[PDB]
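With the sequences and hints as input, model every part of the structure.
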Amino acid sequence: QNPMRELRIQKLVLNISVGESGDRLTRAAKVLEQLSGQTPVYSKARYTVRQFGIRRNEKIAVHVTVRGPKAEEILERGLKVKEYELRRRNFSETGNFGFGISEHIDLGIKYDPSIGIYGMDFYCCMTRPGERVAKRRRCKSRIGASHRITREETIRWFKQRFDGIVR
Amino acid sequence: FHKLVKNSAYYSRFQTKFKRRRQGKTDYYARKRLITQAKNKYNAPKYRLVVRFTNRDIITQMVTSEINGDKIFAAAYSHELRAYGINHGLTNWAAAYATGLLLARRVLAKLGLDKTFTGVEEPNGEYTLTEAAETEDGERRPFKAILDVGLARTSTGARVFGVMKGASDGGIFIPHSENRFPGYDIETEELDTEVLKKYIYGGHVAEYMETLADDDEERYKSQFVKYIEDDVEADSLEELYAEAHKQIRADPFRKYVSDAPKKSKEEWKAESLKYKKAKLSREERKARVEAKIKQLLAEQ
Amino acid sequence: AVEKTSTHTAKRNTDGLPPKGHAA
Amino acid sequence: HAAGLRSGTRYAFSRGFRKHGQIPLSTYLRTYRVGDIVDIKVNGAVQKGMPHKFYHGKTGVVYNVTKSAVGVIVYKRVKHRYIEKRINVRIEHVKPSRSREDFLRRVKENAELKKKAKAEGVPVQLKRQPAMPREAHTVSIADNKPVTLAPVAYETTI
RNA sequence: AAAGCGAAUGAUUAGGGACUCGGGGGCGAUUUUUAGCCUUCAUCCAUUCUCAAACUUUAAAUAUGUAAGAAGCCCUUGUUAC
RNA sequence: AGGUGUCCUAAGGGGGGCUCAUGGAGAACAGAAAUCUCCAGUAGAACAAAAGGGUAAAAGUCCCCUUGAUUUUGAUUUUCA
RNA sequence: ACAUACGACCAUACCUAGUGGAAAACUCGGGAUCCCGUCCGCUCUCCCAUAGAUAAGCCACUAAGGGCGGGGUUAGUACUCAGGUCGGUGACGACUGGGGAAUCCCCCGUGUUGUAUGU
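Chains as they are written, first to last, in the authors' numbering: chain LJ, 7 to 173; chain LD, 3 to 302; chain B, 26 to 49; chain LT, 3 to 160.
Calculated directly from the structure, the hints in this document are not laboratory data. Even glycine gets a Cβ: it sits at the ideal position worked out from N, Cα and C. Careful, some of the hints might be misleading.
[To be verified] Restraint-style ranges between C-beta atoms, simulated for each label pair:
{"no.": "1", "chain 1": "LD", "residue 1": "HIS81", "chain 2": "LT", "residue 2": "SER99", "range": "25 to 35 Å"}
{"no.": "2", "chain 1": "LT", "residue 1": "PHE19", "chain 2": "LD", "residue 2": "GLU128", "range": "55 to 65 Å"}
{"no.": "3", "chain 1": "LT", "residue 1": "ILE25", "chain 2": "LJ", "residue 2": "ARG167", "range": "51 to 61 Å"}
{"no.": "4", "chain 1": "LJ", "residue 1": "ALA140", "chain 2": "LD", "residue 2": "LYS265", "range": "37 to 47 Å"}
{"no.": "5", "chain 1": "LT", "residue 1": "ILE25", "chain 2": "LJ", "residue 2": "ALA151", "range": "30 to 40 Å"}
{"no.": "6", "chain 1": "LT", "residue 1": "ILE75", "chain 2": "LD", "residue 2": "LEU36", "range": "30 to 40 Å"}
{"no.": "7", "chain 1": "LJ", "residue 1": "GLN57", "chain 2": "LD", "residue 2": "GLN225", "range": "57 to 67 Å"}
{"no.": "8", "chain 1": "LJ", "residue 1": "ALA140", "chain 2": "B", "residue 2": "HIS33", "range": "14 to 24 Å"}
As structure tokens, this is what we get:
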């Protein structure tokens with residue numbers, strides 16, 4: 007019996023880690039603005055390391071989150087680049103998955119020389135309906151054993167919906 | 003590989019928190035300050051106005067604290083406005099403002115002060131507090147109570163302040179300020195005193211009804227199903243809500259019957275017991291364990 | 026155009042690279 | 003060698019084991035009046051209005067009541083004389099004492115025994131008295147017969 | 001004081017089971033980027049031999065605070081700017 | 001066995017949202033370590049400094065506003081006559 | 001008896017795994033003009049109580065479960081207060097009059113209750 011346990015897309019989170027401060031961030035931020043439609047966020051280097059050449063509290067990366075039909079269509083563009091094929095090792099034991107691309111214009115952005123070329127990281131998180139119980143402020147609790155997702159379901163769900171393949 | 007954190011030792015050293023904090027219903031850091039009474043005064047009680055919100059109801063109570071549990075002075079549920087002529091929109095400002103007014107007049111009649119402390123009798127978007135009234139050579143300070151918002155969030159325009167406003171109009175002296183009422187502009191730091199009055203008579207939902215019916219027809223009928231069924235239009239809400247005020251202030255004691263099955267309390271007790279489950283005795287537990295041993299050997 | 030507030034805490038007044046000591 | 007206000011209070015002012023965090027709220031609902039018999043017991047988690055380590059365990063009489071504190075009278079023993087100290091303590095460190103509770107219980111029964119006995123006509127025998135030696139009685143050996151014992155020989159256990 | 005470490009912190013002796021990609025030394029074509037056969041450390045799990053003035057879930061004996069009323073207990077009702 | 005002759009307009013005061021160190025599993029360059037995500041996580045982190053006590057919708061952490069670090073004299077506590 | 005709201009003692013109530021839930025209550029749920037707040041109506045806030053479901057939360061039962069609470073055994077043992085022209089070269093020990101613990105190990109149990117409204 008599965009009356010209402012159909013998976014959905016809570017959100018899609020994507021990030022770019024250039025690894026060095028300066029105007030590269032500002033132009034990289036502009037990329038996310040045109041792609042998503044929202045305004046992005048700046049991170050802060052937690053631990054300084056001379057080797058990589060980064061100091062603490064120095065912005066080095068950007069990311070944005072999307073939910074709803076926008077998330078669906080952005081995910082669809084990404085998978086079209088990846089040829090509707092993923093590796094079996096891209097799925098967590100808890101039910102999540104993600105991947106990455108190499109050059110940001112495998113989809114349509116109509117390259118301009120005044121920006122450059124970048125790469126993006128996609129990570130997509132599943133869930134079952136009814137997870138407010140673990141995020142509401144009053145009378146919080148943990149979802150029961152039976153009602154949590156494991157790795158075999160998500161790959162099963164992914165294969166049928168997109169008619170993909172895993173190696 | 004990795005040392006197991008959740009070992010037996012971990013359990014033995016684990017300390018659990020209060021029962022109601024585990025369930026997530028009480029803020030003891032705040033409860034401590036609502037109930038303590040300055041020791042100069044010995045037995046003068048502290049009166050709390052508690053407000054809770056379910057999906058389909060609003061709960062309002064008047065409580066005093068005691069060393070073995072709280073004591074309930076007077077309770078006023080939202081769902082008892084059926085007798086007063088309301089059947090729709092049970093969780094609006096009007097619903098909140100009404101049940102707050104109900105409880106205020108309910109407690110005064112119980113304590114014997116209904117004739118005095120009239121209140122306002124005609125709601126207005128003004129910021130006023132209950133002042134003492136000269137009577138038969140005596141200056142009698144009004145009743146005092148304090149608000150307990152619980153775990154809710156106190157932002158500008160929440161319903162918790164609605165019930166609070168209703169009690170203040172009833173005649174209870176609730177100390178507060180007008181910096182959180184719907185219609186206060188932080189940039190100009192002054193009220194508008196007419197958007198407020200719309201919120202006591204329900205106009206903010208009436209505008210939604212007419213606006214939605216104009217633009218999106220299918221959504222309008224799908225949301226206001228029962229409003230249409232009982233043919234209550236947007237222009238009648240003010241008269242409906244104003245009319246409720248008259249009966250409720252006239253008498254706050256009419257009791258109605260609902261559509262749930264009803265019986266005597268003894269009858270229910272017999273009904274409930276049948277579905278109970280009986281624990282196992284030691285001999286049964288030992289016998290079943292004995293059987294399990296034989297079964298496993300038989301499987302081998 | 027907004028700055029994320031890191032949850033992680035660090036010693037109030039220290040200027041140290043992360044102490045690891047493991048692997049190379 | 004130093005002498006501070008909390009010297010050597012490592013184990014006294016500590017909270018117990020598996021007793022940390024929230025203070026049970028029933029402490030704040032008690033009431034006190036002058037002449038009550040209270041006893042001091044400090045709580046480590048509250049740093050305001052706490053008494054010196056000497057009064058941790060003493061018993062005294064309330065003499066003043068204030069917003070969140072009471073004044074207690076206790077007797078200190080300096081060399082060859084006693085002195086009466088007046089300290090201010092927060093109610094989180096105090097507790098009503100059961101020292102006189104037995105006396106109050108006993109006086110009530112004494113009054114009513116005397117009243118009831120006067121109406122009937124028999125003397126009272128009300129004041130208590132220590133434990134007197136036992137009285138004679140008989141012990142039967144029917145269905146209980148004695149068993150003979152004897153010391154046991156020596157042997158090594160390890 | 002005693003007691004305890006198959007209980008937290010700290011010290012400390014020894015086998016066994018599980019694992020190889022954690023390190024090292026071999027073998028099967030040193031083939032070896034073969035989750036092969038050996039094994040030597042290292043790591044987890046159930047056990048085992050000893051300890052703590054500045055360690056502890058427990059916890060004495062001897063000493064220590066208060067009380068055992070007539071200035072007490074119960075009943076009714078006058079004063080006040082709290 | 002150790003520590004003091006300092007430091008702070010916030011590192012004081014009030015209010016409000018959040019939870020830590022660390023481990024498991026994943027994601028282009030990225031690797032032992034940079035950034036993002038889920039789960040577990042009784043304090044094993046943090047609280048200017050020596051050591052001890054205390055703290056989890058906080059006493060930590062981020063955000064908003066302020067100067068109770070103000071005026072007038074008295075009572076009490078530890079060292080103690 | 002059961003549910004909700006506010007509580008008292010603060011694990012006999014916690015953590016892991018598996019099954020069932022009459023009535024109502026509770027919950028997930030549906031939408032984003034207005035009040036309000038976010039990178040994102042995720043959280044917070046507003047509105048509808050129609051429709052769908054007990055999948056989860058919640059309640060109950062089960063496990064020679066971990067832990068926890070009570071008791072027995074360890075034991076009149078270890079220890080300690082007072083005494084002797086007691087033993088022994090010493091280390092230390094026995095006796096007389098009294099007080100008297102703690103592990104390992106064994107057995108049982110798995111919340112009790114106040115105020116108000118309603119099933």
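Q. Any of the earlier hints contradicted here, and which numbers?
A. 1
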